[PDB]
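Other chains dropped; remaining ones untouched in position.
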Amino acid sequence: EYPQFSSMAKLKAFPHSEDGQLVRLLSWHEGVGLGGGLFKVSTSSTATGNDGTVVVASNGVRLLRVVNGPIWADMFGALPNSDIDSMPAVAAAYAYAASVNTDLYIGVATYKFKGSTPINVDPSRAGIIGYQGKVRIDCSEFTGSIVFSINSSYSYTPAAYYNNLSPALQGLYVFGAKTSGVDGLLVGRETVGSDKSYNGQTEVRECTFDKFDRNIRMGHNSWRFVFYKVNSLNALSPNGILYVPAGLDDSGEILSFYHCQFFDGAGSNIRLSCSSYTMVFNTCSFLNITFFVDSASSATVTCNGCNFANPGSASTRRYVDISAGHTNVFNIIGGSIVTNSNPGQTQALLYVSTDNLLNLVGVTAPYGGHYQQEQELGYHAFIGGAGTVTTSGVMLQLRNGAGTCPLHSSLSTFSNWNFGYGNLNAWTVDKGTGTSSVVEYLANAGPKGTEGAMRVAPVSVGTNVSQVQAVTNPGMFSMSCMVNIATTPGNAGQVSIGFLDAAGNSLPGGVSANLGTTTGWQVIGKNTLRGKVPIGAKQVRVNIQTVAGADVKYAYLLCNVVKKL
Amino acid sequence: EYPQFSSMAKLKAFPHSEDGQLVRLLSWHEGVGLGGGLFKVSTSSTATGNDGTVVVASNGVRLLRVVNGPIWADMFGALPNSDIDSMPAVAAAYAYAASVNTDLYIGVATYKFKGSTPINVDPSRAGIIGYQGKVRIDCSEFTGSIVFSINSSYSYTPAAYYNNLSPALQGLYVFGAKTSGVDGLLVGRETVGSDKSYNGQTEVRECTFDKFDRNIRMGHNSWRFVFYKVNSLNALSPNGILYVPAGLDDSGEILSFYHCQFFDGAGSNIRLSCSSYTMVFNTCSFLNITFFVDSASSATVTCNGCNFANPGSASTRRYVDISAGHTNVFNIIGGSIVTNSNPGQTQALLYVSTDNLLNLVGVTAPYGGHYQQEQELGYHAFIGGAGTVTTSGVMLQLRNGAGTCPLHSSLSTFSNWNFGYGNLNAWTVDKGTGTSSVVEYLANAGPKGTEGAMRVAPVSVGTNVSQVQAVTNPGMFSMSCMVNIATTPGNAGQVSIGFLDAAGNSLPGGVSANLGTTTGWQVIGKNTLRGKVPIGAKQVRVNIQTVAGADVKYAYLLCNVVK
């Protein structure tokens, strides 16, 4: 039987003398019953004392803890469900665990982290694991720059062998008080080191970061981190849900997020600003936040099976805003985009700026009666910006009673759709026998007063303006037009879309929209100019018919036939 | 030294009196050696006894277990490999574990769950973890409606912070005896609550559900659950592998399945019936089951890198059947579709109904000599239904010795391919010096007797029916025709496919099929009317020519150029 000691204090005070003897510590703190274990006496060891796994008695004799498996924080005097600052004990336990390439467990309970000293996790040596349940790390009184950083101390080995073997952080709810200047998690390094830090294959999993300034911020050497079941919400910074600043060194390779939830920012968002940066999000959700991309160049974001939505929010914030730079690519593959009603969606929820690319694959474009994107764009479409959009396997909501809209200018079926030619070329104008009829291009005459429009004022007989383009099945389509009836003696006309085969035979599937009699700029086509491309179609023809005696302006004649583009 | 007690019974019987004293329980059950630990005496505590972590001695004094890490079921008297019902002890241990936001471990062994009382896991509080190995939960004698449900007790906090921190279920083989009315796992809530249940980020991993009525069924509040390495097999219900019923409240956001296996249903299948429901399957396999989607609208299922196959099965069941509703989308991206031989595949293995969409990306369409889809469709193609099919990066098996077939009517190269115009518009008819030979549209004369056909009976000189459409390289093509020869002297004629340049000159790569001399409706083109689109092609031409003395009906001239 091994001699027994009821507390770490009693273990240290006893004049141990039997080299090699095993002794039992019953508890670190007297009367608690946690943090005990077996220790081997070594009278000759000169190992450094740490009051946890290497204990120096008052006579200098060492007691060396026998550990099997992970180090536990209570071995260093940490206590569960305590008001005392636990960060010193966790930091000391972590320093030791890292020194022997062993993970650190924190027993499930609540903890408070106070002070201002970050814990720097070295993923090549040891992770910190809340074990096991809903481990709560209250950092509301912490005043340092970052609570945790994760960054390797090695430039190559053994990081290339070890980072992947265990997570760097697991099982922790880490939260602040939205104090300015206190970030939650730094992924990588604050400043550029003299050598690189080999961080690839480091995992953060089953953690929540909440109520920091930036909850999660990428630093230098942020490459091939993976995140599983990570939640980030309710940060202070406009960029606080997840921030990738510009100018990072040795960063950007396949930052990966599996089933992560980025949400309820209450003004905080995701912003990717670093060039040459590649991120992959699988089955993630982006809720009540915007995903900004303003990298100078070469950002590639791939969202596979993700959701973008606004649950319970009246905000007109965008979902994805690729706003600057060139050669930036954003993929939405599968998943969903959900647009619950709000007082009026007055800007595009997706935006892709010049020289950038937004790709939609296998996803349904939503529609809602509250859509009012023309307030921003001048016309009724889902996506803004002068970049490029592609579609593959995209579904339109062709049976939505409120309507459907085209997705983007870059998918325009018809040439000179916005009268950007500065004339009516590409359009066939047929005034018929109306010699007094007038059809004219007008500059600064569209909805904004800054764009071209086509004015049609027929006399005696109606005027038809039309255009034909090649089309093929399979496909689905939606068109919107901006129309301003100045005067009309009745229904002012109709916009129609029809299909022909190669032989010129008219096919089923034609649709039309009456213009009515209401004056002023209005959207025509929402629940009328839409449908499926009929099998056998080889041409699509748009016709704008204006009746005799009417005076109507047309702008932004935007049809999209969605197919693989 | 801490005083020691050899059993929970002895711990409770002792007249504890020293407030604050630590004592050691050696074992819950006498002589077993499981479930012991340190306890702290509290003479003043009024905590409720649970015979596990809060023990009330016979004199009223409390003993409070010191726990570090998860709660274990043996702390409440559960025993491994016992014939006694373990569900009460696990349920009591779980109630406590959940009350202190701590997961519950069940030591690896076999357990019997009897009775009829489900365990309701609250993923915002605590999961149940089989630790660690092949933990066997025998529910063959359980008679309740569900074994496990998983549903948060919170509408927002702390669920928004906690659901993701640990799994709800891990490491368990949970099985029944296929008793009607006994389901395995309920994902969410049976009925609509007064407020919502915040379930997002809840995980089920490394579990098998087997031999229930419905193995896995979604309830209300089924949103952002994730499943990893979950197996579901051999259920009783036609919908028993995975069932998402219609009409769920607060459900449908990104239900996610990673490397899950849905298989060997022996009559049970997957069915998604809820509208506005979005599911993602990554490297899953669907084996010897059908994936049905009949949501009224707005289902989106994305299968990335999955396999659909029929290993060891003679069944002609479909693989994917999007059978009703509108605005339903099913994506197959990468992965594989495997069609082992059976006595005859008499219906299409993929089906997409009107107003729905089936997208194929980066996957190879298989072919097998046992394919007989015409028995359903009237004609030889891989996919059924009046919906829309798209392809991107799809490969055809052009060098499959048994043949190749077109994929879908919605990809038809040619106009009026099925004589659905009600006339021969879009088709060029040339008998040359056409006098006494017969070429006629016949209604209700095709393979099923309900569709149009074209009859040709030459006496004079042969007839050519032709059509040209634009095409571009690169591409792969396959055509099937339905042909009915009544009589002919020798070879009855040929169907040919040729390619032209922009100016109309013929290119290499043309193919043809002899009609032969067998009578009755037959498929022409399987291993003949297929190939790669030749370099320089800008037009594709189909030509049907019939010889003197033959009398032949033609129907369903279906070419697909994929790429």
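A and B label the chains in the order they appear, each numbered from 1.
Keep in mind that, in the parts below, a contact is a pair of C-beta atoms (placed from the backbone, for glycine too) under 8 Å apart; a residue touches a chain by one contact, two chains touch by 3 or more.
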item	value
Entire complex copy count, 2 subunits given	3
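Operating definition for what follows: only the chains that are shown with their structure count from here on.
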item	value
Separation of mean Cα positions, subunit B and subunit A [Å, integer]	27
For the subunit B and subunit A complex, residues of the former touching the latter	1-2, 20, 22, 38, 40, 66, 68-70, 97, 100-103, 124-127, 129, 158, 160-162, 164-166, 200-201, 203, 224, 226, 253-254, 256, 258, 278, 280, 282, 297-298, 300, 302, 304, 326-327, 329, 331, 333, 355, 357, 359, 361, 388-392, 409-412, 414-417, 421, 425-426, 469-470
Touch list for subunit A against partner subunit B, complex	4, 26-27, 31-34, 72, 74, 80, 105, 107-108, 130-136, 171-173, 175, 206-208, 210, 229-231, 233, 258-259, 261, 263-264, 282-285, 304-307, 309, 333-336, 338, 361-364, 392-393, 395, 397-400, 473-474, 476, 501-503, 505, 532, 535-536, 538, 563-564
